[PDB]
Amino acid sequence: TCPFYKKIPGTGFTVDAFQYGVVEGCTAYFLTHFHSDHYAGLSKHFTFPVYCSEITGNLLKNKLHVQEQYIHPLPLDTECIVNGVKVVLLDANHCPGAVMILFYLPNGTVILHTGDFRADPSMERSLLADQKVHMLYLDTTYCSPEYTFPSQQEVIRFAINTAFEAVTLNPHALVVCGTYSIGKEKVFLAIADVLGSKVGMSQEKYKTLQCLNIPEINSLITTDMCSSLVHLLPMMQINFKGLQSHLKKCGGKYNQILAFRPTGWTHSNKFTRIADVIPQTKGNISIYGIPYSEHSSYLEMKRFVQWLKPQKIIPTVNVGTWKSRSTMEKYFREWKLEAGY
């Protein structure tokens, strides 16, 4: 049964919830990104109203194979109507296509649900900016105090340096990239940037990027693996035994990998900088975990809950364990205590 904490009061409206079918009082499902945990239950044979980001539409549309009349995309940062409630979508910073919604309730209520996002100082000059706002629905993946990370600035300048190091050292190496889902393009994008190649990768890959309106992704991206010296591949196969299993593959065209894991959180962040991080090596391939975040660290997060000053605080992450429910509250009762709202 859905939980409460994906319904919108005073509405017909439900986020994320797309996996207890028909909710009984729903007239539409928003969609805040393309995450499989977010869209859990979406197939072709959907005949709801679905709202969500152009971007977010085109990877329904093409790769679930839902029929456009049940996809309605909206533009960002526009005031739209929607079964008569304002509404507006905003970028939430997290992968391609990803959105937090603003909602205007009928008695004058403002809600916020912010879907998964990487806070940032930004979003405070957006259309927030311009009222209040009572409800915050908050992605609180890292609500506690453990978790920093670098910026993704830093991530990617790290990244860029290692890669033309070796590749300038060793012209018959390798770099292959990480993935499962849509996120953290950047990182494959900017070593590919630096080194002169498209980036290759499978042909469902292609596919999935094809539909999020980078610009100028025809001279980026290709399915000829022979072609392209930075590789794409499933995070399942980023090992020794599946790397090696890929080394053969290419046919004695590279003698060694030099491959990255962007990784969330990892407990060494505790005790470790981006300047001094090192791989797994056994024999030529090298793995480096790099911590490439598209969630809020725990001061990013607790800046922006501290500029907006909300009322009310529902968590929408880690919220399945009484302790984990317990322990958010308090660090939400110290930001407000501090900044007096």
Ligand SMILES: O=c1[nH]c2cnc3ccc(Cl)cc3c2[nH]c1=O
The other form holds:
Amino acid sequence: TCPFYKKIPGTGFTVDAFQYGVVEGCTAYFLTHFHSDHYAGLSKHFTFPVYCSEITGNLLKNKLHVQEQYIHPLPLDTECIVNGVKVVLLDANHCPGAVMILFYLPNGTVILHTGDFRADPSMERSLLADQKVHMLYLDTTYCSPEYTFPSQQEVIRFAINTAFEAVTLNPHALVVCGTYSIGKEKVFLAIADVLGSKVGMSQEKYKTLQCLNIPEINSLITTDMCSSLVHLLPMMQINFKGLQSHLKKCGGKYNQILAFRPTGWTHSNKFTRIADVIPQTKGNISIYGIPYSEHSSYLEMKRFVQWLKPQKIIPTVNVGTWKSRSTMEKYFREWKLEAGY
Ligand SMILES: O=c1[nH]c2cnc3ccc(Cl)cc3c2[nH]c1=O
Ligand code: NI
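To complete the pair, please output the form solved in complex with the ligand; the form solved without the ligand was given just before.
Next comes the full complex, this chain leading.
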């Protein structure tokens, strides 16, 4: 059954709640982004209105085959009226098409649902500016001070320089990047751009990227693996066995594999800066784990919440254990006491 933190009180709206059958009283289902945990349940048989970004709408229609009559894409940063309620979609700085949702309840209550997001000071100059928010449904994925990682800029700079140096030293090296889902596309796009190559990938992954409204994708992606020296593979294949098997299939065109595993936070980030990251190596294969996060760090999350000054916070991640809930409520009170709201 649909949990409480996916319900918007005072409306007939749910958020990322497609795996609970027909939710009681839901006139419109909002989808924050196209990640499996959040769209779980949608298919060509869904017969209720889905509200989402245009990019998420492209993915629902092409990847899940949802009928167009049930897809309601909304522009970003635009006050829209949905079933008599004013709503705004804001960029969540997560994966392509990911949004936060502002709900203007009829009784005057204002609710911000972040979906999944990586907080950034640029959000302090969105439509949230000088907007009273009474309730915040917060992506609390990394809501603990030990969760530190670099900016996406620094990680991409490390990936670009690492890939460019390796391929310049060995023109016969292949660069491989692992992928879970949508998101973190900048990793393989920036590597291919510095190497003068297109990104080769499966037809299914190619189809997914064609839905993302990225300007000039036909410039950087392709399904012709032989024409590419930057290949996309499923994240599970980014291991020594999986990469050895892939290299045998390249027809003797390459004698070395440089592989990147885009991860979230890992325990290595407690001791190792991005500049000092080193790979796992076995023979002619090296694997880099790079902390490219599309979720807020603790400090980014704290800064955003202390700026927004919500009257109530409802976590949407790490809600399953009393220890996590107690830990998160303690930090919420700390932020409130320090900031003074
Ligand atoms: O949509 C999303 N789903 C999920 C699901 N499981 C996860 C497990 C671990 C970490 Cl670090 C991130 C996760 C995640 N992040 C997303 O953005
Ligand atoms: Ni997500």
